[PDB]
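This document starts with one chain, in the form solved without the ligand, laid out as C-alpha cells.
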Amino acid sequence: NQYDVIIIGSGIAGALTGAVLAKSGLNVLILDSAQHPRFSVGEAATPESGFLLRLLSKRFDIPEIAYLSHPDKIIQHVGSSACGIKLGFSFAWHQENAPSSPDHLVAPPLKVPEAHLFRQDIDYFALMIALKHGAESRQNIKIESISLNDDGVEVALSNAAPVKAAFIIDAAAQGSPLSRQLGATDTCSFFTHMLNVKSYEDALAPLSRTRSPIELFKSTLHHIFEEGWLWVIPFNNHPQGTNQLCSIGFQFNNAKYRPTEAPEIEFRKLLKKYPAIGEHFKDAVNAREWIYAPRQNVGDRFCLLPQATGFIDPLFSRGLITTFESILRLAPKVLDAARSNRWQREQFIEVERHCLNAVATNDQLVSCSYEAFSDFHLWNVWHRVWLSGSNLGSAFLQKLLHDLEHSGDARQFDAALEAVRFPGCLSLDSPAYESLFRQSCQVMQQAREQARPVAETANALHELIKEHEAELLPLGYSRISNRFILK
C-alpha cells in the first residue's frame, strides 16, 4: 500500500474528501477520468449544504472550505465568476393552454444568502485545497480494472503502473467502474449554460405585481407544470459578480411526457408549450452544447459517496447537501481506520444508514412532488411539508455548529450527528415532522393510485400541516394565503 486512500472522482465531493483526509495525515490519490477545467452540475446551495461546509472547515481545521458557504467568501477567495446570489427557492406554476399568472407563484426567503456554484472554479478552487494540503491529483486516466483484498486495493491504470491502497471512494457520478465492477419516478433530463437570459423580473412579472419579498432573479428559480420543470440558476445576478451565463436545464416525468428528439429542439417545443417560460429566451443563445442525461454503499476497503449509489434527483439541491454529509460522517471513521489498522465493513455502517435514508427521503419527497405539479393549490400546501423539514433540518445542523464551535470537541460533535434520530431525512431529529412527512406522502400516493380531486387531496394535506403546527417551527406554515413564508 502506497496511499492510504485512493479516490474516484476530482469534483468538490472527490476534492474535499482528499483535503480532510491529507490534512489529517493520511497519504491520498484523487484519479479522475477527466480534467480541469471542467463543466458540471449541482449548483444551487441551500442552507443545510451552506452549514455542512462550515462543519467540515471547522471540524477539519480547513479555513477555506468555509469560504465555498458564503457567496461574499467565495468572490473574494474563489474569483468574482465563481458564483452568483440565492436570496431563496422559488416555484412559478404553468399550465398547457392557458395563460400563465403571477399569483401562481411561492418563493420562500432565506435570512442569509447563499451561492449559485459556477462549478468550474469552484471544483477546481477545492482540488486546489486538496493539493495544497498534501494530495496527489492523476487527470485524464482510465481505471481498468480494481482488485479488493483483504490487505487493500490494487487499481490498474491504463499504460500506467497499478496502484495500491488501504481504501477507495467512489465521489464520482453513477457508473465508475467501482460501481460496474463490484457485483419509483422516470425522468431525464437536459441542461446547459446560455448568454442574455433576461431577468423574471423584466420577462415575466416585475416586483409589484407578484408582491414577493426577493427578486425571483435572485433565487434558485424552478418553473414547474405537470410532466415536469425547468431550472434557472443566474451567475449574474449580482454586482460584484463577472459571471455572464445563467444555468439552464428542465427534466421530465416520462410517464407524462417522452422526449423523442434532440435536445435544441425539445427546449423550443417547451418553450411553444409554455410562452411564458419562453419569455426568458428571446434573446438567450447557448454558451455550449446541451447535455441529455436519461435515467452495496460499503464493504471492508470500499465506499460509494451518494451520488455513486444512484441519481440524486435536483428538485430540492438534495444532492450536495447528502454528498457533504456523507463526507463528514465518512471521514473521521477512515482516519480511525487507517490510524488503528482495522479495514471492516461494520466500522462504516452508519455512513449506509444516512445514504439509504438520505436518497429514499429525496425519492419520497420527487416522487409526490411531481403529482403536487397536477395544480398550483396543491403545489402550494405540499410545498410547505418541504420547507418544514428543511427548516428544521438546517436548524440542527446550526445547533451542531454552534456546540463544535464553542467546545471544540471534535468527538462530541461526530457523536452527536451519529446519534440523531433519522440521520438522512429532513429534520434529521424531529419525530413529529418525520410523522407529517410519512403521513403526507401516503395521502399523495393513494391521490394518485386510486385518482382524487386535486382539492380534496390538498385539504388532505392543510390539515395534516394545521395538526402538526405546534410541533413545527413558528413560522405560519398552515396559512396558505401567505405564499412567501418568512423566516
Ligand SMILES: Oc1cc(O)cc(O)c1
Second form
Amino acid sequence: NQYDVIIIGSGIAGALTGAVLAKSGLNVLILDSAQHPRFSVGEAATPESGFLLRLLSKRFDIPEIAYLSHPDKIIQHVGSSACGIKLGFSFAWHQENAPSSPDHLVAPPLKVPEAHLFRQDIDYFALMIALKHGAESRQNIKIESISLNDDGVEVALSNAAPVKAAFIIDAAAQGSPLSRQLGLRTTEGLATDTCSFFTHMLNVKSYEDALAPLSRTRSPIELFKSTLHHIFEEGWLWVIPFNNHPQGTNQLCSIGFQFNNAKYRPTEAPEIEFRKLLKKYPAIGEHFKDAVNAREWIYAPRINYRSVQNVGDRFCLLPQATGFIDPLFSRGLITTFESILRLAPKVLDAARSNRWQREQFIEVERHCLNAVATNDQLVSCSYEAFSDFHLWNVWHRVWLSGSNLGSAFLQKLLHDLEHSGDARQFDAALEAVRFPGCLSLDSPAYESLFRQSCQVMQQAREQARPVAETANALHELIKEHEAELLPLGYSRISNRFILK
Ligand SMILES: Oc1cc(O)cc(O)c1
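Please supply the coordinates for the form deposited with the ligand bound, as a counterpart to the form solved without the ligand shown previously.
Full complex below, order starting with the chain above.
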C-alpha cells in the first residue's frame, strides 16, 4: 500500500479532508478527472457552514480553513474576486397572471455577514491547504476501476501504474463514480423531484434598481446583499451576486432556476426555457434586461438522489457523493463539513490501529443518511409552501427557528472546544447529539415541531387544502412550541424581517 487514504474529487470537500488527514500524519492521495481552475456551484454560505469550518480549523489546528468562513477573510487571504457578501436569505413571491408585490417578501437578516462563494477560487485555495500539508494531488486522470479487498483498496488508472491504499473517500460532487459502481444510488423514496438550469451572468441588475428600492420593501438589508430567492407555484429562481462586496472585484452573478417536475416539465433548450419563465413572471425579468451569459447554461433534468449505504470496511462516501436534494437552503455544504468532522478522527483511529471494519464508521452513515432524509422533507414541503405567499411567510419560520437552534448548538461546541482545547470531548459531544442530520441537532421540542409541520404540509398537498387553513395550522404549531425555540418572535406573522 503506497498510501493510507485515497480521495476522489479535489473540490472543497476532498481538499479539506486531505488537509486534515495529511496534517494528522497520513499519506493522502487526492485524485480528480477535472483540473483546477474549474467552475462549481453550491455558492451560498450559511451560519452553520461558517461555524463548521471554524470547528474543522480548531479541531485539527489549520488556521487557513477559518479564513473560508467570513467574506472579509476570503477577500484578504483568498483574493478579491473569491466572494460576494450576504447579509441574509431573502424570498420574494410571485404568481402567474398578477403583478408582483414588493410586500410579498421575507428576509431574516444575519448579525454576522457571510460569503457567496465563488467556487473556482475557493476550491483552488482549499486544494492549496492540502498540498502545503503533505497531500499529493494528481489532476486530469481517468479511473478505469476500483477494487475493494480485505487487505486494502486498489485504483487502476489509464496510462499509469495502479495505486494502493488502506481506505478510499469519495468527495465528488459529480455523478458519484464509486456509488454508481457499487450500485447504491437511487431515486426511490424521495418526495422531491426537481430539475435545474444554472449559469453565471454579467450586468444583472440589483433587486433595488429593477423591482423595488429599500423605501418600498422596508427591508433592513439590501436584497442585492442577500441570497435572493424568487419563488412561485412550480419552482424557484436564485440570484446570488459576487459583485455586491465593497472591496470585491468579481463582476458576475450566479443565476439558477429549478422546477418541481410534478408541476412543470421543461421541454426546450435552457435559453428558451429562460425567456418563457421571464414572460410568465415579468418582475423577475427586470433583473435581466441588460444581462449577458458569461458561460454555457447547464441543464440537469433530475438533481435529486440518495444512497442506501455510504460506508464500508474500506470506503466512505462524503454526503455530496451520497445524496443531493436541492440547492434550496444550501444544506449540501452543511452536511458535507459536518460529515468530514465526524469521519476524520475515526479514519485516524483506524489507520493508527490498522482496523478497517464497517462498524467503526457506522455513525458517519447514520448522520449522512438522516441529513439527506431531513433535507428531502424540508425541500419537498417548501416546494408546496411556494403556492401562496402567506403560507410561505409562516412556513419559513419552521426552517428559520430550526436553523437558529442548529447554529447556537455549533457555537456552543466551538466555544467549548476553544476554551478546553479537548479534541476527544468534542468528537463525543458531536456523536452524542439526539437528532443527527436534523436542523436543530439536539432539540426534541424542535424536531416535534418540524415533524408535525411536514405532516401538515404533505397532508395539504395530498388533499389540496385551502392555503389559509394550512398557514393557520402551522401558525398554531409555532405558538405551541415557541417557548422552547429562541426568543426571536417567530409567531408574530406581520413581522416579515425577523431580527436577532
Ligand atoms: O440564513 C439564515 C438567516 C438567519 O437569520 C438565521 C440562520 O440560521 C440562517
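Superpose the two forms; the largest set of C-alphas matching within 1.5 Å is the rigid core. Residue numbers count along the first chain shown, from 1.
I want to make sure I read this right: if the two forms are fitted on their rigid core, which of 259, 152, 79, 177 has a C-alpha displacement of 2 angstroms or more between these two forms? Meeting the 2 Å or more criterion is only 177.
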